[PDB]
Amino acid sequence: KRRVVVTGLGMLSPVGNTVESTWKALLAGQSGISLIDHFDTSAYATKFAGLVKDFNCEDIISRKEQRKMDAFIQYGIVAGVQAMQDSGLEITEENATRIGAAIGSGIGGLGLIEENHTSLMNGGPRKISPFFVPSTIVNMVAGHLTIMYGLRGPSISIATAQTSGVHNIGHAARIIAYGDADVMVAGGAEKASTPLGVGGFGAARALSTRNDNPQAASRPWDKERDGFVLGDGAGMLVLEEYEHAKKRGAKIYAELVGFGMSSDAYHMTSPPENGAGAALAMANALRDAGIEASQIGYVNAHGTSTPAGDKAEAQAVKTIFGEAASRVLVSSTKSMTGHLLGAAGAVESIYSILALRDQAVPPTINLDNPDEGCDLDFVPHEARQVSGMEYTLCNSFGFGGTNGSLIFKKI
């Protein structure tokens, strides 16, 4: 029976370019949301997002190699290098074959897709970059990292839209526990803050339009919610078989004990009013961990700040927690970070882990006026100190009614 533990963390987010700086900001209730300036937003109904500030990879990726990669790829490689470094793992010829990667993205290289399509329209196929395909496709973060570190074990990339980060981490663990690997770098990367990303989610009327106050836009469970806020970033974890970790004297952040998946089988983009899908995913993770809902102390919600989605997740929590629905802490970091899509469940898994290390639960900021029949504790406004918390649960749901839940356990 193989246990999986988290021994390395990496991260780029709208509130910090490292794991510790990101975490510190979240516990301080800071927003990472700001107005966009990298493209003309005049015609856009949403003119803001959660951006990665002063991103720099010069020391990690040559400007010459940068040409071959979309921003989402560069982000994911940087967060991957941070995680590899943090793990302290040494890759040997004897090792290579047993270390892999499970890293994806929801939308991939929109920026380079646009640039390449603009070239084609303006001057024909001759103007398309020879790097078009491999610079934009979702699996290239795992591609580049395995090459950089000489990793030869299994590499997959799960692209389940807004559920990717969770799915990738969950399967990286299945792979280790199955015996196909001893270590996996797992997570997601996204850089969808582009004319197509912003224009596209805006066309769907899914985005908040509160441009007069970008930092107050993201407000899960708040009566004045008006759609999600888009965020860029990457979250990576180094997952490792327990005995392997111990033997190397690895620093161990927490243990991955439960992974649950489900499908809404309802609508292509909207969640069912009763969150039955989210319920099954949480129910499946608990059964996989072999514990009861009552044992979870903190749920890092999907909580995107859409009228219908926030309401469906709340329904799902009540269904799963029932009695202890009020004693469990539930919060959406998306209130400060925005929605990182394919990277959401990856960064949120990290927050779920750090909440166990620090016994602190980040707040859901902007929750000035909660919905009515709410009996749940959404950790409004201020971070909460906790005491004997041994497990956290991370939710992610996505287009296609695809859901995932991960369960982390202290030590």
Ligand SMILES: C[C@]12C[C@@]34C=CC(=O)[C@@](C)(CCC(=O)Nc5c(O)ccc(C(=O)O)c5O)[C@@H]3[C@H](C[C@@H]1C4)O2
Given for the second form:
Number of protein chains: 2
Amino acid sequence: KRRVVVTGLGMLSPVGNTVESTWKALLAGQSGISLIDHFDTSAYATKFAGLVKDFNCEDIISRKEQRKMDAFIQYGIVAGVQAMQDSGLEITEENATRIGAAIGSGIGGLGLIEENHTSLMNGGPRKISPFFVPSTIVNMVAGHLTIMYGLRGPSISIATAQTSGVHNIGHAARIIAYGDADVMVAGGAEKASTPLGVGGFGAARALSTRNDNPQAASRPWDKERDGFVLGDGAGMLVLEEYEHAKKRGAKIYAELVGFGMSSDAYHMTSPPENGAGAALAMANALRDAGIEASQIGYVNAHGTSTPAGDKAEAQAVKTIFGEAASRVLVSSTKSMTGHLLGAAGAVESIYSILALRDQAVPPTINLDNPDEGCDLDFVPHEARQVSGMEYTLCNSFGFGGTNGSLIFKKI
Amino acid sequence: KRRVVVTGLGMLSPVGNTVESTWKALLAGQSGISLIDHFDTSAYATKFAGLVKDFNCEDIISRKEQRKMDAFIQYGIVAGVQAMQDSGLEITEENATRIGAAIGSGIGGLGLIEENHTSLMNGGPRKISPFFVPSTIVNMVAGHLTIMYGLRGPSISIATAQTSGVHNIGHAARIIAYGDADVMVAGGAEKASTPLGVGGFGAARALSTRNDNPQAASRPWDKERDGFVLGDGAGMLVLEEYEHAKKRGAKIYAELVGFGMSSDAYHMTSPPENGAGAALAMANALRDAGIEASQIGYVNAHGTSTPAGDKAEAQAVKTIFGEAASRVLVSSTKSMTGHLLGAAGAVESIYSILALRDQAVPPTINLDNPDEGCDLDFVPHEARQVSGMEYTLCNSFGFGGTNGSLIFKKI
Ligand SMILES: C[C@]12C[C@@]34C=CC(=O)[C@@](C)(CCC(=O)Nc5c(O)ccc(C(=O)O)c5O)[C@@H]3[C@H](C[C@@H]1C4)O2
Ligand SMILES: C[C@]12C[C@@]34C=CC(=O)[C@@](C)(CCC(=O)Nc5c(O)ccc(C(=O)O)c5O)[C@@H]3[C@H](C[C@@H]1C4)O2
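Now show me the form deposited with this ligand bound, since the one above was the form solved without this ligand.
Complete assembly follows, chain above in first position.
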């Protein structure tokens, strides 16, 4: 009966270009939200986002190859390299077959979609790049990485919008636990800070508009919430079978204990007031881990800072925790990080891991005035030390009412 | 130990708007390839594709809701309804939780991407539709369908480009076999016959250019091959646990016996001459099914009619079959159907099923002059009756060297 453990991490976030730097920033309650400058935001109702600062891949990706890939792919490859390195794993002809990847994204190569389309409109199909398809499609991070590292085991790419990160990690673990693979690099990558991404979610009325204070915009559960904030980044974890990792003396961050999925069956871009769907997703992860809601010390909420969304998740926590409801710590890193969409669940799974290694829980900043009727401990303003925390749970929910929860156990 | 069976089918193809009509057409060796008329193809090097003829959803989707979804979503929903109906399954409050979906697509809502982008370029972010995101993203078919049918179990969407259909079906079966679900609607949907899809794959030099004979264009293994042909469609199958299906007296088309995945780790848009990757994918499906290459009576090849691609797959068959190499029937439905990308593996999984029900195997049309050095029986020109065939295998390969194989067993 195969157990899965995390033996490698990598990340690119609006608050740091490494795992450690990003963790540091979050515990210090820093914000990565800034004003956009790569395109004219005049007509845009939202003019800020959590961007990746001074990105550099020169040492990892030839500017020759960079031409064949959208920022989202570029990000994910870098985070994947970080993870592969940090794992210390060495690919051998024996190995190849039993190592793979499960990496996706919510929207994929918007930027190159826009470029290629603009080109076509201005000068015809003659102007489309031969790399249009391969540079924009969601599965390309798994593509480039399996090639770069000679990985030959199972490779998949789940695109469940804002739920992607959690699904890729969850299925990567299943692939391993099932016997199909021994190691899996998994997570997600996103870079939707484009005219289309901003204008698009902007058109749905899903974005915050607090342009006077981009850092105060993302405020989960606070009463002045006005919609989620966009974030770019990538998060990746090397998942590996317990005995395979030991046999190689791998540093093991944590164990992946439970994975749960659910479907809202309600509305395409909104959850029930009731949070029924998030509840089942958490409820199935517990049952998969074989433990009780009482044992969860920390929950990394999906908490996107949308009026209807944050309320639903809260509702669902009460429902699952009941008694403990107030004794469990809950927080949204999105208060500082922004919403990474297809990468949200990857980075947050990383934070849910480090919170067990460091027995510390990052805050929900901007939580000035909670929502009324809230019994929950949303860890507002300042990180919080914890005692004997053995399990953390991570939530991701997405459009189409698709939900997922991962449960991590210490050591 | 949970077995998975197919208890429902649905389809939209360039040769038929139902399962039965499409099967009929294929066995008769008909072609669905035609010249494009929905956009000006003057500047286009490829001017044809396998389109879905006289699509109608009026009875299933309100023109009110149709506004919120790309053709690709519209197609997939219809095929999903067909499948749900054909399964005879009835969703009950008990049920909901244990029924879900695993549906994806290669490229998603290109058409609405183009519309929305054009709008933005012509009149600003003000012109983007509030439905931009929800109408174009890959996971929306699973979204709309879980809602329409009150499905609350696990919902996922794998986007592994041209390998998608096989992956969604394969993982849907795993979800079931693992205990996460009892029923899963699974497959894929595509509609890339757009300026971007045509110009895009056209820019990669991956499309056939035989505009003088659109019906002769798709010719897997033939010596005058000139690249794949684009096809629109959707294919869906209801997968369900054996005892759950029996307990309800479900008509059972076949059993899903093996699922295999592999990664080429070679090139982003091309397979090794050696076909090493396809071999492992087939090789793992056999091992998963617990049977031998000898027992496979029919193989539905990925056979896309690209020079480098068809050769690689052939190579891989020899490698896996060896002795039997000539005693196993191999064929490409893409000779008539075109390439459905993210939906290819769904429809072809359907054909791999019916070939067991009807003990008949559809031909590879246009196979005038094989490639030299080929020992394989590619079932050229005319469908072929078969005797005691108990297993069929279905191949899907995609960009990023991602591969997958499904193995179906009679009854
Ligand atoms: C039609 C409306 C109704 C509206 C009303 C109140 C709201 O609060 C929002 C802004 C968002 C509802 C929501 O929270 N959706 C939601 C979700 O279901 C799953 C994931 C996420 C995520 O970001 O990962 C998410 O954002 C909705 C959205 C946009 C528009 C305005 O739908
Ligand atoms: C850079 C080049 C080299 C080139 C040369 C010879 C060829 O024959 C083609 C046209 C296609 C190779 C190929 O077969 N790729 C391939 C694949 O790996 C997996 C799936 C599929 C599918 O359609 O599901 C597929 O199409 C390639 C493509 C385009 C361009 C011309 O890469």
